[PDB]
Amino acid sequence: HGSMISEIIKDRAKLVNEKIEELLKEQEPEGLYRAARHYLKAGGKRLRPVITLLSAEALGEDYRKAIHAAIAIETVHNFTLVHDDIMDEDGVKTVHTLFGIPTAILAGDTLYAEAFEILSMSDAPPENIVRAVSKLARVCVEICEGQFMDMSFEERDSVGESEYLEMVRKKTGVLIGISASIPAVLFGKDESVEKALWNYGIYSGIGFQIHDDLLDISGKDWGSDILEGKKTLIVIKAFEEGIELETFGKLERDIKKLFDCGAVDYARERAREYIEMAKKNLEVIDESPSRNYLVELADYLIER
Amino acid sequence: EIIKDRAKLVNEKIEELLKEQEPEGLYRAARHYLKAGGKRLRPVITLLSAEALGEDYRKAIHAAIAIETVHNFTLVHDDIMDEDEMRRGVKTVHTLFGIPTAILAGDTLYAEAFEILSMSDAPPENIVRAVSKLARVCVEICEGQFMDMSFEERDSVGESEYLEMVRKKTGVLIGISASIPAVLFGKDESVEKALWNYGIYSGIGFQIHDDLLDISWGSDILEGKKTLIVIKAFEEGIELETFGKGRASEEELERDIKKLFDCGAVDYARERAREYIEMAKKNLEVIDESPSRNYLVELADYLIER
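So the sequence lines, in the order shown, correspond to chains A and B. Just so you know, the first sequence maps onto residues -2 to 87, 92 to 219, 225 to 256, 264 to 317 in the deposited numbering. Just so you know, the second sequence maps onto residues 4 to 219, 228 to 317 in the deposited numbering.
Fair warning: there could be bad hints in the mix.
For each label pair, taking beta carbons as the anchor points, the in silico distance ranges come out as [to be verified]:
(1) A:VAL297 with B:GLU156: 48 to 58 Å
(2) B:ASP299 with A:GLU164: 54 to 64 Å
(3) A:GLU164 with B:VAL93: 47 to 57 Å
(4) B:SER163 with A:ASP227: 51 to 61 Å
(5) A:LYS11 with B:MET122: 33 to 43 Å
(6) A:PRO126 with B:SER163: 53 to 63 Å
(7) B:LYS62 with A:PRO302: 26 to 36 Å
(8) B:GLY92 with A:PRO126: 42 to 52 Å
What the hints contain is simulated information worked out from the structure, not anything from laboratory work. We put the beta carbon where it would ideally sit given N, CA and C, even for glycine.
One chain only, chain A, in its complex shape:
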């Protein structure tokens, strides 16, 4: 076909959730685990584990073997969400709001260890598990560096485009990068193939972020990110050519200036560039239904 991508995401997400329920059961101490399972139970697009399972399939493997890696990465993601929410302080209600900050910190730390425990249950050669552990951990370190950078940007008045893109790469790209590349690691695929899936993830993630930030201008309210002063690629290119907007303390006038300077279309062109780059990296992989799903998925990430 070529138009079922929302249905494949759905199908694989449904698998992800079924195994989430199997592997991340609520336990004692009940207060820790209710915080620990909160975000997971409120749902999630499950985009990263879905990518893992599509990548696994596109590599000619039984993608059920990739479930653990898939859920570990979704577990890492959920963990970052809990801790991140502690630091934006701003639904559903955040975990630190419902359970307090200590329970929230320990809830993230719990999910964090479980991620690795789950990944280690993978049905794959130990040498590859050890490499997947090493690689996921390095990604975790990078996400913290990305989160740190992103917060630094809140205190800065002059964030460069490349700095910002570097931030997004760690904050959003690398986790998506390893959800595409981890079945390569687990199943002994070689370096050029892992590299192709990694780049696919990173470039999808970066573009996915740019488009996400475009949706703030193209439930929640128009121009939210503007009044909250968030540095997006759009904002950064407008500043880059001295547009300087009359909100940033929490409007429709500002939004016109962003289109008028082409900063909105710069960001679109940047996000599409990233997704084309992500798709060209897939060329290394054998054509298959699953490879085309990954291709259409990159498209979806920026066309929704």
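Model the placement of chain B on the given structure of chain A, informed by the hints.
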């Protein structure tokens, strides 16, 4: 004893594997305690346990650094929770750098530990098991810290609940310190459980003694920390005048400390702490006699002597 030797090795590997890096903000925070220089107890237990198994304990160094990294991770997040302004002789991480950076710093140490563990020179099969066991250990420390903090607001907790909390909060990380060389080098379940049980019991006793060292001042009771002493005494219905206050008079706290010695409760702690360290030794017997094996013995002793 001969620990400053391995303590020396561990800090050399720490400075080799846990470099500062960019963003310097994040790593200045993440290396703050490591540079402050803890006693490195658990790493030394890992190197000695390895040599007691008659292995090349240098091969166990990555697991030694990894467990110390976990330990430092917990310190950072714990200090956020207790809102301590200082830990031993240095300001806490959240106070110098802020709560969000403190969170990210421990989150970074946390991942760094699994990356270091995975570098081990051992059968990969056994690195996987080591990652699985250390990650469950980390889940339990979190379960413990949540238990310990839940205790604060409870009116009374039994010795059992409290001792299950100490087993998770500070014991299992000490158990896996000794356990992990048995895991890494394919010793069998008897040996693992033996080094495991030694590490846990050493932990609990080590904890009970660390609560005694505050009676050895005063802060545990003003802070309301529920120790094994105050659980015995309160089980003995000992009216304790200054347990909640935080601010207190010297005479008021002295009469509360005075009570506690005379309760038949400070004795209980030393005694109960001692029957744990002994349970560690009598467990450690499954391992062959060795300079290393007796070193773990004398070391389980040092946890009760301070």
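For each hint, the structure was consulted:
Between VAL297 of chain A and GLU156 of chain B the beta carbons are some 57 Å apart, a value that agrees with the proposed interval 48 to 58 Å. The hinted window of 54 to 64 Å between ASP299 of chain B and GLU164 of chain A holds, with their beta carbons roughly 58 Å apart. Between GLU164 of chain A and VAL93 of chain B the beta carbon distance is about 32 Å. The supplied range of 47 to 57 Å is therefore violated. For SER163 of chain B and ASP227 of chain A, the hinted distance range of 51 to 61 Å is satisfied, since their beta carbons lie about 53 Å from each other.
Our hint of 33 to 43 Å for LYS11 of chain A and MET122 of chain B holds, since their Cβ atoms are close to 37 Å apart. Take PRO126 of chain A and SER163 of chain B: their Cβ atoms lie about 43 Å apart, and the range 53 to 63 Å is violated. Look at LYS62 of chain B against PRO302 of chain A: about 46 Å separates their beta carbons, and that is not inside 26 to 36 Å. As the Cβ distance of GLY92 of chain B to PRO126 of chain A is approximately 47 Å, the hint placing it in 42 to 52 Å holds.
Checked against the numbered hints given earlier, the structure breaks hints 3, 6 and 7 and satisfies all the rest.
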